[PDB]
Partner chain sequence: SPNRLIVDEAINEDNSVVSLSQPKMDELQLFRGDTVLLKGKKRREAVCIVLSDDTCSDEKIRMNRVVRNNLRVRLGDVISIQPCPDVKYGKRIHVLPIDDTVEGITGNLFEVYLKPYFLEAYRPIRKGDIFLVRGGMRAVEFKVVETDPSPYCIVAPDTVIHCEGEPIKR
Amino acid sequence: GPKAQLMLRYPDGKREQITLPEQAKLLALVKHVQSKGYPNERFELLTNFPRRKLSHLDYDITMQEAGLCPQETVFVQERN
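Single chain structure for the sequence just listed, the form solved without the partner chain:
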């Protein structure tokens, strides 16, 4: 069925592609980025287009509830 095909763009220039089911919760993505060395307390996720600050959303909602598109580019940014 429907998926969130994600391009992750880390700020050192590393890139990673993952796919999550549309019913996966945002937390899954947050935790994945955390395991890659980018803890939520210091980093936040921003989608390119549409532009969304995912840290402004509750992590317990699903990709579909968050309104993500079938394909997204997610920038990992240091919080400000």
Given for the second form:
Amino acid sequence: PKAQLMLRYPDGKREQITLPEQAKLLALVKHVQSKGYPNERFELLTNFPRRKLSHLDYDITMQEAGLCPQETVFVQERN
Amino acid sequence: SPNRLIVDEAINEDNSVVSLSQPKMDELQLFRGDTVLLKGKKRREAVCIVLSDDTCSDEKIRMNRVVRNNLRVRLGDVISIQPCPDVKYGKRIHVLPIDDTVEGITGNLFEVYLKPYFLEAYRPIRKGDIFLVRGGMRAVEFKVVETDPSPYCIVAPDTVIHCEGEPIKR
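Now show the form deposited with the partner chain bound, given that the preceding structure was the form solved without the partner chain.
After this comes the whole thing, all chains and molecules, with the earlier chain placed first.
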């Protein structure tokens, strides 16, 4: 089973990916880093309600993180 | 006409959000947080975020007063909705406060109203929109007089927000 993620990067480009629901939140973070947005400088947000995913334990599953079955995730430079 | 829908009142009101039943969202292949383009009367359009609502009848769409006004529609009127995935991050938007909502207003409109309003919420906004922001001593309305790209965009953290000079009417 797979989670569908609509990623919005800070230049406004979009990417739709899938990840296994059972995969670590860390897999998402690493994916965003391979796209040129490293964890040390960028964080992950959802809207409605606003949740800061980069405050979570990354060893948590995508399902536990609340990103299944689909979620829009914003990539944003840290303050 | 699966994407023409009856306007219904909002629950959990927000200027950037409209709600559909999950089946109608499947029917139209809309996902959570997708941007969508809405068409109302007098060639008025609006761009919003769509969320699912187990409370909403299939053939209806929930939207608040701000969005209904921007579409010139009333409860019970019909609008159309379509996917709108290519809306860009804004370089810059220009907004101006409505004169009769800031008559006594002292203070910085950007710091008290606009900055928290737009903060990290990725609001879609369109030229001509009027929106109501709470805060301060009383709520203020602003009109979008220009966006770049035109005529709509997403107000991102890097989107420059200009709040010019004299308030305007209508």
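Numbering follows the first chain given and starts at 1. Residues that one form lacks are left out of the comparison. Here, rigid core means the biggest group of C-alpha atoms that superpose within 1.5 Å across both forms.
The rigid-core alignment places the CA of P70 less than 2 Å apart between the two forms.
In this overlay on the rigid core, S55 has a C-alpha that sits less than 2 Å away from its partner position between the two forms. Its Cα shifted by 0.1 Å between the two forms, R9 is reported here after superposition on the rigid core. Considering only residues present in both forms and aligning them on the rigid core, one finds runs of three or more residues with C-alpha shifts of 2 angstroms or more between the two forms at 48-51, 67-69.
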